[PDB]
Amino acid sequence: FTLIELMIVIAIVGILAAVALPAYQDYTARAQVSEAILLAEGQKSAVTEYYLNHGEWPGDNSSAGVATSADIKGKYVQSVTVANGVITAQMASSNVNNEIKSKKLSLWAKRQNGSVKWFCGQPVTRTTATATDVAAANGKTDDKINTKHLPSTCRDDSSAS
């Protein structure tokens, strides 16, 4: 080899050092969102118990039996609220992945004739505690978790049934 070859390998080393990285932030966001998924799943038992014993979805954390929304917090989750039987988990606004900062995911259940189907995904809103249908929460701000940061099993749409 010669000096040109050494310069070429130095340039190749520089290329490798300055190589672009994949969307590892998306995978880290999924890992952190798993914590909110678990926190929301924790309240499923209470929500289902209230719905079965009263015939209507729990309006909020009070008669759902779960703790206060601000008190259900984890390392990356700042709140877990209940709205008409829909459990919405909102992540923290700091010390978390930038892609899921102060973003919300949802867990809602539809009562079937033989079972109760639980759906996890983007935020949804149930208008009435007795309603059997859900719809997207609202536009507002960027409070919706992108499907890139949700597991493929946690991307259920509002219209899904």
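We call the rigid core whatever largest set of C-alpha positions still superposes within 1.5 Å between the two forms. Numbering follows the first chain given and starts at 1. Only residues modelled in both forms are compared. First, how it differs from the form deposited in another entry.
At a threshold of 2 Å in C-alpha displacement, with the core superposed and only residues shared by both forms counted, 1-17 is the one segment of at least 3 consecutive residues that shifts between the two forms.
With the form deposited in one PDB entry in hand, show me what the form deposited in another entry looks like.
The text that comes after this line covers the one chain and nothing more.
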């Protein structure tokens, strides 16, 4: 070989040293969202019982017999709120991923003639404790977890039945 080959080798080494990386932030955000999913999954044992024994969905945390919203905290979750049978979990604000900072996800159920279906996805809201339909959050504050930061099994739409 000669000097040209060595220079080309050095250039190739420099090229390989600085290379683009895939979007690994989305996977980390997906991993961190699972904590809020698990924390919200633990409050459905006290909502279904109230609905079954009273005929209407719980209005607040007091009616469902769960702890205070600000007291349901984890490593990346700061609050879990129950409102008209809808469970909303909010992320933290300081030591989290830059993409799921102060964002919310929902967990609601719809009653069928022989089962009670459960849905997971973006935030939704109800209107009355005796209603059977849900609508979008429309918070106008950009507090919705993006689709890319959710599992493929947790992307239900507000009109799903």
